[PDB]
Amino acid sequence: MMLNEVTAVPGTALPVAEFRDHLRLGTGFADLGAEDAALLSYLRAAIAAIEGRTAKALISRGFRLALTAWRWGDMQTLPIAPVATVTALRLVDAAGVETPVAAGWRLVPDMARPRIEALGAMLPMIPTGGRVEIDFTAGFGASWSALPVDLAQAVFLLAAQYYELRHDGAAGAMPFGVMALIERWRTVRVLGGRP
Amino acid sequence: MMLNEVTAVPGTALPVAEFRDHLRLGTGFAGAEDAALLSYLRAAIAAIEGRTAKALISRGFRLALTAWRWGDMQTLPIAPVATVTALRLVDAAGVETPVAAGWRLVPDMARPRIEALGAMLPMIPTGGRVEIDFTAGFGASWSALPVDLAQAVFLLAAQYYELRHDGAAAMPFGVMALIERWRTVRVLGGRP
Amino acid sequence: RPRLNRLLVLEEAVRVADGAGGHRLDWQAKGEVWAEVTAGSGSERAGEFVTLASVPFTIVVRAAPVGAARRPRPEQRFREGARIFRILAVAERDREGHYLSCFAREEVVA
Amino acid sequence: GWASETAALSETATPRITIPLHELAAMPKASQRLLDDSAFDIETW
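Residue numbers (the deposited numbering), protein chains in the order written: chain D, 1 to 171, 174 to 197; chain C, 1 to 30, 33 to 171, 175 to 197; chain E, 3 to 112; chain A5, 146 to 160, 164 to 193.
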């Protein structure tokens, strides 16, 4: 289970023109763009910080789940939570020659546990010495205006502290701080066991 | 179980004019444009409708779930509900056939629940999970809210405005003490 | 660290020279900056033939390299509406260089 | 309902009065002197 992404966020979809207005930088100057390589450099470092604490995706890029053995009998939970329209389930063998399979797999969409849920009582069988690549586009929406706004506010509260202090300097968190906004987007799991 | 909403709230229904009268009026200076303020109220509505499981502007939802909990139940999570629109019951591909009888919406702030008539509830096909579109929330405007819940939005959106990053600064009826009576109090972590 | 809450218009005057070696000031507006303003102890001051009313008003803006428009220079001034804040000097508050100290007067003629 | 052959018939219609049980009171008054000198069982009448 590798879970690398196919494409990344293009950078034009990040609200640098709004994160600049959040930082209270400056309005009517002839410069107005001296931090576009910087304000975008901390938005990518605060989205990807919250994607690791909440296991969310927030921009709906395309992923690829390359694994070698199905975890359980039929369900196969996906790590990244908000999923939609699994593009292709291919079933590779020992060397290349991938053959796509409709495969009777169906993707229950749920932000609790995004899983595949085989409908023929078994997931399609993996060849000996072969992988399985699930190609899917997981995330909230294609633009920034489709995010849940409490999660998008935690990105601005966090990327503004990477801006306003560069090295690791210690800073009482506010009622709904950074941690209190992402703590209803985290994954609440209580299974450390064999099944 | 996904529960995405149908349409977002327009912003012309949010009180960006009444927020600056909370923010700097009576005491202060008669600062930022409407797009900066409106980014902070819906960032404070979505922080309180997540902590209290409410809706506050009464937009339309779609709850699409794959298995009912009981056969006379499936409580709905977003709390103030009114007028469940349709109970669509798709098959696999989905020619998308709705049903129009068998259940009664019970409007209740405690457990907004769907409670089918008798003992049998509409079953689900193999693969064709059932979706519910309902319009949950207090009122279409902002003047239909409970005022203590509407004040804690203003007390929180003035916090997101007047201090930008996660910095330093509890009052008797604060933000937490006002939304502590709109939160869902449940003590079942069990099987049913 | 500062709470940049108030909006101030930075103003640089373009200096058209006259015939006799001096310049002419018109004070066109530069961009708008956000800054906190902290009043000192204020009292009247004997002006020329005016009884002025001054206050210290240390103003904290964000910083910039010296060849940038976002640096307030001491020949500039702030303005919140019709309140002219002068600039006495800029002095680089933090050790890392994130913020500046402007120094104003805001002397209304009382 | 008259089940058709291939209809997939759906569920039909499944089908408290309280009796508060009030109280009826009689409290007749009688002088003690009377219950000793009369020949009739005023206790029983």
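Each hint should be verified, as a subset may be incorrect.
[Unchecked claim] So the derived label-pair ranges between C-beta atoms look like this:
#1 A91 (chain E) to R186 (chain D): 43 to 51 Å
#2 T7 (chain D) to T60 (chain E): 33 to 41 Å
#3 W72 (chain C) to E117 (chain D): 18 to 26 Å
#4 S149 (chain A5) to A112 (chain C): 24 to 32 Å
Note that these hints are calculated values from the structure, not bench results. Using N, Cα and C, we set each Cβ at its ideal position, and we do this for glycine too.
Structure-based check of each hint:
{"no.": "1", "hint": "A91 (chain E) to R186 (chain D): 43 to 51 Å", "result": "48 Å, holds"}
{"no.": "2", "hint": "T7 (chain D) to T60 (chain E): 33 to 41 Å", "result": "49 Å, violated"}
{"no.": "3", "hint": "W72 (chain C) to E117 (chain D): 18 to 26 Å", "result": "21 Å, holds"}
{"no.": "4", "hint": "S149 (chain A5) to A112 (chain C): 24 to 32 Å", "result": "42 Å, violated"}
Figure legend: structure checked against the earlier numbered hints; hints not met, in rising order: 2, 4.
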